[PDB]
Amino acid sequence: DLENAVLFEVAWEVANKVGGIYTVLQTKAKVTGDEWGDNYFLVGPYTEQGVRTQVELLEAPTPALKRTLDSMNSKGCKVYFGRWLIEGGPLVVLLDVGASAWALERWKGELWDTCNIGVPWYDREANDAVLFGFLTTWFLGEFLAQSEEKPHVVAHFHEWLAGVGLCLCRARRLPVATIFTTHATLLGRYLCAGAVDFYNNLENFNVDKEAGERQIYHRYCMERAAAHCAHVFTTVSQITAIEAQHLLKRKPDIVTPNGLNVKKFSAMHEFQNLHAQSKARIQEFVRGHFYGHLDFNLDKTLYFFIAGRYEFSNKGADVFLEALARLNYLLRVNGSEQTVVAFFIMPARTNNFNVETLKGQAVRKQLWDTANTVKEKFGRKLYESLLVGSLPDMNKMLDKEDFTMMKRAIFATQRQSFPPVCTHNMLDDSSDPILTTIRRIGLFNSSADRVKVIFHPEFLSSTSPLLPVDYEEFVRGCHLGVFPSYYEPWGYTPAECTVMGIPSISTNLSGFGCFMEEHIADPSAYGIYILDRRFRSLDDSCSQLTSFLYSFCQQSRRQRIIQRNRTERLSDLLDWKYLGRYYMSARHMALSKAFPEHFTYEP
Amino acid sequence: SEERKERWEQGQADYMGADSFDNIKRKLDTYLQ
Ligand SMILES: O=P(O)(O)OC[C@H]1O[C@H](O)[C@H](O)[C@@H](O)[C@@H]1O
Numbered sequence: 001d002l003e004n005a006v007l008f009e010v011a012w013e014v015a016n017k018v019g020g021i022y023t024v025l026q027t028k029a030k031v032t033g034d035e036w037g038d039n040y041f042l043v044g045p046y047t048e049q050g051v052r053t054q055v056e057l058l059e060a061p062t063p064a065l066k067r068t069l070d071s072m073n074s075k076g077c078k079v080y081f082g083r084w085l086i087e088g089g090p091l092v093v094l095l096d097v098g099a100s101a102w103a104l105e106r107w108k109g110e111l112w113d114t115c116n117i118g119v120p121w122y123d124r125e126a127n128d129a130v131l132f133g134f135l136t137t138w139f140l141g142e143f144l145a146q147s148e149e150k151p152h153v154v155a156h157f158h159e160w161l162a163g164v165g166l167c168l169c170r171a172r173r174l175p176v177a178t179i180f181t182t183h184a185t186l187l188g189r190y191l192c193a194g195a196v197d198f199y200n201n202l203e204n205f206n207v208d209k210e211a212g213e214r215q216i217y218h219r220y221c222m223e224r225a226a227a228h229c230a231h232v233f234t235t236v237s238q239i240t241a242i243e244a245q246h247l248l249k250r251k252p253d254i255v256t257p258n259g260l261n262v263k264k265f266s267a268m269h270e271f272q273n274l275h276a277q278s279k280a281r282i283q284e285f286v287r288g289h290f291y292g293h294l295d296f297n298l299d300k301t302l303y304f305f306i307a308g309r310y311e312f313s314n315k316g317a318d319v320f321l322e323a324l325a326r327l328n329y330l331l332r333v334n335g336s337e338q339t340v341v342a343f344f345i346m347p348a349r350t351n352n353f354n355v356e357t358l359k360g361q362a363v364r365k366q367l368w369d370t371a372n373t374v375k376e377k378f379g380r381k382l383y384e385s386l387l388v389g390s391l392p393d394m395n396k397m398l399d400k401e402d403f404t405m406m407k408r409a410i411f412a413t414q415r416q417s418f419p420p421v422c423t424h425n426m427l428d429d430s431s432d433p434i435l436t437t438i439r440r441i442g443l444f445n446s447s448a449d450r451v452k453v454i455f456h457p458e459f460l461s462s463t464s465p466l467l468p469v470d471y472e473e474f475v476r477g478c479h480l481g482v483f484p485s486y487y488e489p490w491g492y493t494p495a496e497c498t499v500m501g502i503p504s505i506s507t508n509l510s511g512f513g514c515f516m517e518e519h520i521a522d523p524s525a526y527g528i529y530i531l532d533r534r535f536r537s538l539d540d541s542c543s544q545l546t547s548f549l550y551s552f553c554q555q556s557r558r559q560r561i562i563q564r565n566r567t568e569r570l571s572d573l574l575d576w577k578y579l580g581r582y583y584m585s586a587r588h589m590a591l592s593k594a595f596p597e598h599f600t601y602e603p
Numbered sequence: 604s605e606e607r608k609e610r611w612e613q614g615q616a617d618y619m620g621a622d623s624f625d626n627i628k629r630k631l632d633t634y635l636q
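Residue numbers (the working numbering), protein chains in the order written: chain U, 1 to 603; chain F, 604 to 636.
Keep in mind that a hint or two might mislead.
Chain F stretches covered by chain U per the calculated footprint, using a threshold of three residues with CB under 8 Å from any CB of chain U [to be verified]:
#, region
1, 613–622
2, 627–635
Dumping the calculated SDA-like pairs for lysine to any residue here, alpha-carbon to alpha-carbon at most 20 Å [what the hints assert, rightly or not]:
#, chain 1, residue 1, chain 2, residue 2
3, F, 628, U, 114
4, F, 628, U, 210
5, F, 628, U, 216
6, U, 209, F, 618
7, F, 608, U, 106
8, U, 593, F, 632
9, U, 593, F, 634
10, U, 593, F, 633
11, U, 249, F, 618
12, U, 108, F, 614
13, U, 359, U, 287
14, F, 608, F, 629
15, U, 381, U, 395
Pairwise CB distance ranges (calculated) [unchecked claim]:
#, chain 1, residue 1, chain 2, residue 2, range
16, F, 633, U, 441, 54 to 62 Å
17, U, 200, F, 621, 31 to 39 Å
18, F, 620, U, 62, 42 to 50 Å
19, U, 520, F, 632, 35 to 43 Å
20, U, 209, F, 613, 16 to 24 Å
21, U, 441, F, 621, 45 to 53 Å
22, F, 609, U, 461, 45 to 53 Å
23, U, 441, F, 609, 51 to 59 Å
24, F, 633, U, 121, 23 to 31 Å
25, F, 609, U, 465, 50 to 58 Å
26, F, 609, U, 62, 40 to 48 Å
Keep in mind the hints are simulated off the structure, nothing from the lab.
In this text, a Cβ means the ideal position worked out from N, Cα and C, and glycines have one as well.
Work out the full structure: start from the sequences and follow the hints.
As structure tokens, then:
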């Protein structure tokens, strides 16, 4: 349909930078910036901190818009109209959530005669969400009123924080089509750990009882009310669609997976050039976390990657830890030269680094300095040998002075303690779920161990004394990115991995893994290993993961490169250009249901 | 009746009680989809 119309994207994460929803709408703006053109807007909360960074204020193009802001400006509502500085040119409608006094009390009671949902005063963002909810309905209401012969409106609502303002637009009966896109189910988060087998018992869960118990009923109601208030209910994931079918009680009309704007290069192999450059910087790290214990070959070594928020059960570290313990067995009982260095890049509270890790990094530069001094001494003696006209002796090249330097360097390198499992020093080391499991499974980064676990208790940075490499470079360095999960509504950690050339082990319970099962037919062949976690048990899932990990371990140099080239081809699948189609289809579907008079069925 | 709004405050809302969502779903149904 080509009809000229104005739509609004309503989210709390618009010009806030709080959650992952911000990152969704960051690159969504480009693809949605031509489908509806300049007519599309983004309704968001106003923060003075967010304005200095992201928002550049501008006047209204259309005279009807000028009055919508001015009429709203009267009556105590303040809008700072501006353009988002992010790529795409998104015109943002920042409503001040600070202006609580005019409508918080009156519209909260107005909310109760309409939706019959009450707001506790204790919960902070609860009172802030409803305010933002009425403010949206005001702007939409004025836009429909003051624009004579207003085209069919679409109100695109993201998260529970906007989910209240969904029902208000429907309650006024304002001519507006409505979309609710839940990026994560609210009650699903607490149900994931609190209730055993959440995915197995998704149908059984008493839907009102559980929310009341987690003192989160008011939030649950606002999101659930939003589903019955959108002609189109939308989930990011097909696994989240199953969640919503038995919890939110609304089947998602369309599943619109989140996407990334892939940073496409000039050479289609530049990712693999950035592989070797970043692998070397990881090689500088593991040639230093281990000094005097470097018996393993680092040219036959692999790097496994796992990242995200520090959630042991949700980000599925428990599955991956017991799997490396069995991968320890399979690469040791079998005569294998293959060593695997798994990196756990999950941020946690940490007072400072570890003396042994810092000493090892300093020793690595020391054995680089003592290998630069005698290298120059070799070089100078060679240059006066090449100039003289004689090839080097190769035995006298290094004097007794040089041999004593190198003999002492080796003597300082020697350590008896096994290289550390965690790079930094923790406040709660014994209470740490990852470190407790490591000492239990029996991987102390020993010489006998074919898998060495190197947890980095904080995010990677380029400005870091140890491991000076940023996250986007570090992913590209690692050979494989293993992401077992139980509650990843949309994998963003495994999603960004597949955007890069690195193959990622996703799961059936993850939003990314369900997407890869649906779109492409070939799982392991294209690179993305998918773990069955819905129809299996915790032990069974670990056993499948071992066979997946050992498959990558038994792979040759050349076969690894082919698979990494195949994973590059799947970047087009996660790009906003391809995955924006689904959102567009949601919009076209919304217009037709709410207003079939001039909108086609569009089957 | 205005008692239920106060009950909502302080999270005294009843999941299966007066504040039960089933009533809310019918209330949304008054504004038919
Ligand atoms: O990552 P591996 O399977 O060990 O292979 C290592 C290879 O990585 C990239 O493809 C580089 O361009 C090559 O120079 C290097 O030989």
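We went through each hint and held it up to the structure:
1. Counting residues of the region 613–622 of chain F whose CB falls under 8 Å from any CB of chain U gives 7; the rule of at least 3 is met.
2. Under a criterion of three residues with beta carbons nearer than 8 Å to beta carbons of chain U, the stated coverage of the region 627–635 of chain F is upheld, 6 such residues being counted.
3. Among the hinted pairs, residue 628(F) with residue 114(U) is consistent with the structure: their alpha-carbon atoms are about 11 Å apart, no more than 20 Å.
4. For the proposed pair residue 628(F) and residue 210(U), the alpha carbon gap of about 18 Å is at most 20 Å, so the pair holds.
5. For the given pair, residue 628(F) sits about 18 Å from residue 216(U) by alpha-carbon distance, which is consistent with the 20 Å threshold.
6. Under the criterion of a C-alpha separation no larger than 20 Å, the hint pairing residue 209(U) with residue 618(F) is consistent with the structure, at around 6 Å.
7. At most 20 Å may separate the alpha-carbon atoms for a hinted pair to count; residue 608(F) and residue 106(U) meet this at roughly 13 Å.
8. The straight-line distance between the Cα atoms of residue 593(U) and residue 632(F) is roughly 16 Å, inside the 20 Å bound, and the hint therefore holds.
9. Distance restraint check for residue 593(U) and residue 634(F): the Cα-Cα separation of roughly 15 Å lies within the 20 Å cut-off, and the hinted pair is therefore satisfied.
10. Of the pairs offered as hints, the one joining residue 593(U) and residue 633(F) holds, with about 17 Å between alpha carbons and a cut-off of 20 Å not exceeded.
11. Among the hinted pairs, residue 249(U) with residue 618(F) is consistent with the structure: their alpha-carbon atoms are about 16 Å apart, no more than 20 Å.
12. Under the criterion of a C-alpha separation no larger than 20 Å, the hint pairing residue 108(U) with residue 614(F) is consistent with the structure, at around 15 Å.
13. Restraint check: the Cα-Cα separation between residue 359(U) and residue 287(U) comes to about 12 Å, which is no more than 20 Å; the hinted pair holds.
14. With a C-alpha separation of about 18 Å, the suggested pairing of residue 608(F) with residue 629(F) holds against the 20 Å cut-off.
15. A distance of roughly 12 Å separates the Cα atoms of residue 381(U) and residue 395(U); the hinted pair therefore holds under the 20 Å criterion.
16. A hinted range of 54 to 62 Å holds for the C-beta pair residue 633(F) and residue 441(U), which are about 58 Å apart.
17. Separation of residue 200(U) from residue 621(F) is about 32 Å and conforms to the stated range, judged on CB atoms against 31 to 39 Å.
18. Evaluation of the 42 to 50 Å hint for residue 620(F) and residue 62(U) yields a pass: the beta carbon distance comes to about 49 Å.
19. Between residue 520(U) and residue 632(F) the Cβ separation comes to about 41 Å, which falls inside the hinted range of 35 to 43 Å.
20. One distance hint, 16 to 24 Å for the beta-carbon pair residue 209(U) and residue 613(F), holds here, with the actual separation near 19 Å.
21. Separated by about 51 Å at the C-beta atoms, residue 441(U) and residue 621(F) satisfy the suggested range of 45 to 53 Å.
22. Restraint check, residue 609(F) to residue 461(U): a C-beta distance of roughly 50 Å satisfies the suggested window 45 to 53 Å.
23. In this structure, residue 441(U) and residue 609(F) meet the distance hint of 51 to 59 Å, their C-beta atoms being roughly 53 Å apart.
24. The hinted window of 23 to 31 Å between residue 633(F) and residue 121(U) holds, with their beta carbons roughly 28 Å apart.
25. At about 56 Å, the CB distance of residue 609(F) to residue 465(U) agrees with the hint of 50 to 58 Å.
26. The beta-carbon spacing between residue 609(F) and residue 62(U), approximately 44 Å, falls within the hinted interval of 40 to 48 Å.
In the structure shown, no violation is registered for any of the earlier numbered hints.
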